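A.B. asks: Chain A is fixed; fit chain B with the ligands onto it per the hints.
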Amino acid sequence: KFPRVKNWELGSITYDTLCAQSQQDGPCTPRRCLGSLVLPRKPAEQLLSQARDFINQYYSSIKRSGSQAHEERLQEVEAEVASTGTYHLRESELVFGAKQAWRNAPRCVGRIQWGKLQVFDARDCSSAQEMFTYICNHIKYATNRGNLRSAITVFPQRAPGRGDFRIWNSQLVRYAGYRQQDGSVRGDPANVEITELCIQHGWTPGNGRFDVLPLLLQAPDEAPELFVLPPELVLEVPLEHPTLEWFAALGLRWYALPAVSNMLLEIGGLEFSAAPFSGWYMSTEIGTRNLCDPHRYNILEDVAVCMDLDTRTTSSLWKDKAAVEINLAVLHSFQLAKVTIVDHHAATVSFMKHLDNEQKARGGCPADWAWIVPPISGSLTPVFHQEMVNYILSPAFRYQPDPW
Amino acid sequence: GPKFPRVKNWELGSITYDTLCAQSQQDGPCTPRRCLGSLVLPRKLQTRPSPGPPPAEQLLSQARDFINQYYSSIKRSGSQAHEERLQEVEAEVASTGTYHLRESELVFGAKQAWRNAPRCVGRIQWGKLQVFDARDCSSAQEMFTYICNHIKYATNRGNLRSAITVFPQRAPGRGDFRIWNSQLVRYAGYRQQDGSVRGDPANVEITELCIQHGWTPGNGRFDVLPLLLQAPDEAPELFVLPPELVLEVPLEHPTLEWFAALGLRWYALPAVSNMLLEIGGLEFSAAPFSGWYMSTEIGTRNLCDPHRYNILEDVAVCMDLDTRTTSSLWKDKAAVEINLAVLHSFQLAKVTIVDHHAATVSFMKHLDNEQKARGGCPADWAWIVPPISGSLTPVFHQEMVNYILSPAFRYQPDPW
Ligand code: HEM
Ligand code: HEM
Ligand SMILES: CN(C)Cc1cccc(OCc2ccc3ccc(N)nc3c2)c1
Ligand SMILES: CN(C)Cc1cccc(OCc2ccc3ccc(N)nc3c2)c1
Ligand SMILES: C[C@H](O)[C@H](O)[C@H]1CNc2nc(N)[nH]c(=O)c2N1
Ligand SMILES: C[C@H](O)[C@H](O)[C@H]1CNc2nc(N)[nH]c(=O)c2N1
Ligand SMILES: [Zn+2]
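Protein chains in written order, with the numbering used here: chain A, 1 to 404; chain B, 1 to 416.
Only chain A is shown next, with the shape it has when bound in the complex:
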């Protein structure tokens, strides 16, 4: 019926009653579980039902359900949809909806912070140039000279028979990946495609490993336009290691601000195709995935050699030893630069506290175990031993197709 959920380290049991509130299908069926898949394989009454549920969530949140303001707002939404096929959110509803979307995101380990989100209303944007200005202000606010603050900027919603507002880049700050025809990639191989799009739209490329990409910004039914971010706006952290003096010589660095810009924000049936949001990094994202993934910067063997490890055999655990030191260098370097960062132990501990808050608040918390457990030191963190239930609640952040 409702899932019984166990923590194997503590022996404690909870029951998730919240999942009964999900109205959207995931990929699993009783025949087979597709929980480890990264992406999904793929009128008026529906919109109105999603709108009413959301308006109901909103008036409940301010302890005013059943108030006359509640009923009048439901009548406004209904009148707008019945007449125009769509409707519009008040700013206060948008703020609430953006926070709920973060709270509802099953793959985010940072949700203890969900109530602390600066929401920028950019819905009065009519051009790519205007989008750029809003983006620069977001970056400035969020960066805050290294004292990072979570934020989201919301551009105009999707509308019928009109193109979307889109940011083509997957994050506001990304490093170029240049495909040298002799196979290799200089820079970040995750970004080869976006890099080439930038060049063919007129960007003069560099040839470095850490060249910050310009933004491709698209207003409805227009070709995207190219915008170089003012270098003063892009905070970056040089990587050094507390005891290995040679580490600094690797020339490694990463940017301070993780700002995802290609997700769709869905609130009350309305869809915001451009709504970039930013937090701060957990160290393993940079140290383990971005730097050590074989299909990313792939620096493991380089670091292992500098540590004089036996690279000839798996059983020497050279990969494990190198990864630890790289992760240590990330933490040390961000701490030395006074740039906000969280290690995976601290993060997972705060997530356990979040699960407990949410059990009391809502009777559950949607969580994707495969994403919540960090990519190194899995069972050394408390989340590994915690059973989790994954389901989709709205408001939500969703994936959407690339605009090209």
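Careful, some of the hints might be misleading.
[To be verified] Derived list of chain B stretches under chain A, where covered just means 3 residues or more per stretch with a C-beta under 8 angstroms from a C-beta of chain A: (1) 16-27; (2) 339-346; (3) 400-413.
[Claimed, not checked] Each computed DSSO-like pair below joins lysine-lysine, with the alpha-carbon atoms no more than 30 angstroms apart: (4) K353(A) with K116(A); (5) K321(A) with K75(B); (6) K350(B) with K152(B); (7) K360(A) with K44(B); (8) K128(B) with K75(B); (9) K6(A) with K75(B); (10) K111(B) with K152(B); (11) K152(B) with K42(A).
Rather than coming from a laboratory, the hints here were simulated on the basis of the structure. No residue lacks a Cβ here, since even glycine has one placed at the ideal position from N, Cα and C.
C.D. replies: Showing chain B with the ligands alone in chain A's frame:
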């Protein structure tokens, strides 16, 4: 394109479709409304015994399916021998309520059970399983003899060999054969008056049952438990394994000389003894099986889990790490050195062990073999990805599809 799950490897960018899941005839725990993939023991993965024999319709359909699988495996599907075996099973069930497997069917069935196990990273080895037929066993003393022979064969003085020994199946109006212990080799867990546990806290309940049944307990951290063996409709009997049969490896570290002084050790043979082997509707409640260890099982889980031996802080203190702050990564540093000690010690002792990198690399090869052979491979990502260094292994970047195929190894309730 095709109406089957599309499965991507994000490291290589390669795509497959699992068509094998179309053969599953048993629901897992997930629904479109919520995924329960991370649950260790959801009710859908549980079983329970029946006193009265199963509805013959239910048994016959499972039996027919398995006979069909067997005759397909030997390339004789549709043959006269295939039809005659089907008629034979149906008549057997008609007169007796159950049926019995030929020796070659049992061998095929046991191997297919392992091949089908979604939580096993060691399945590249599935075709090399020594199947010991112990279906003639009629006493706890005889079960003990078979178990000792299994242990001697499988241990092979450190050159470990995969093996399973199958005791008589569940039968209408007769008690089960059961091994009460969860593995053939386990360390005792003694609850102390302060509330803590000396030994393996995983084994507190089984330790206390052994004591209740007449075992005189030790008081060490690595005391090997006796076996509680149960023949049909009898109280379990207590058997002590002769010490020379139980191969153990003392743990040392290749460079940290003090590590040996910690007095740690682990046993060579991982031999699970409490799972149910189901083949064609027949239930083998006692069918212990053994392979060899992957190092993270010992070094990360058994030694470092907070609810197991929990040695992380002790090792980190010895390495003079800062244990007062998360960002020093002391847990990560200590864990690597413990895992290295396990690998080094087993290699020095010439006892088979596989590191987690080598194991996951071999599992990727298994996935490719199985894509060609069967059109897929049921796999539980949470269990296949190792408990340290996850994304440093190739399996982390491979999407997987999890589903239940039979023959199968299944969980069953404790006999007490
Ligand atoms: C404040 C500090 C934050 C931390 C430490 C954090 C941490 C993380 C991590 C480690 C992941 C997995 C990322 C990956 O492996 O690529 C993640 C995913 C995610 N985060 Fe958070 N996050 C934070 C803030 C935010 C904010 C402000 C939002 C939105 C308002 C957000 C929404 C999401 C979403 C939707 C995902 C899933 C992305 C996907 O499915 O691809 N996070 N977060
Ligand atoms: C040959 C070397 C083998 C290796 C390296 C290996 C490796 C592993 C590992 C690491 C696990 C996860 C266990 C845990 O985390 O507790 C596992 C699970 C499992 N293995 Fe294998 N295994 C091997 C042989 C076998 C054999 C011979 C069988 C049966 C014939 C088998 C059947 C299973 C089953 C049924 C599970 C799931 C257990 C559960 O769900 O609790 N394995 N294996
Ligand atoms: C499917 N994804 C891997 C694609 C992708 C591309 C670019 C970035 C990305 O990150 C997801 C994400 C989202 C929000 C985050 C918030 C804070 C944070 N530290 N990391 C985050 C990471 C994910
Ligand atoms: C659900 N589990 C935690 C219960 C349990 C208790 C005792 C042992 C156990 O291990 C599972 C298992 C099964 C077969 C294996 C084969 C080889 C191997 N190296 N490890 C295995 C590990 C699992
Ligand atoms: C195939 C697998 O689902 C994929 O590699 C997932 C695993 N877990 C993850 N967890 C996080 N946080 N981020 C990821 O990109 C992934 N990738
Ligand atoms: C809660 C979670 O499912 C549990 O801790 C799982 C995770 N993955 C695992 N993976 C393996 N191989 N063995 C385990 O016991 C577990 N435990
Ligand atoms: Zn699932």
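A.B. asks: Could you tell me which of the hints above the structure violates, numbers in ascending order?
C.D. replies: Violated hints (numbers, rising): 5, 9, 11; every other hint is consistent with the structure.
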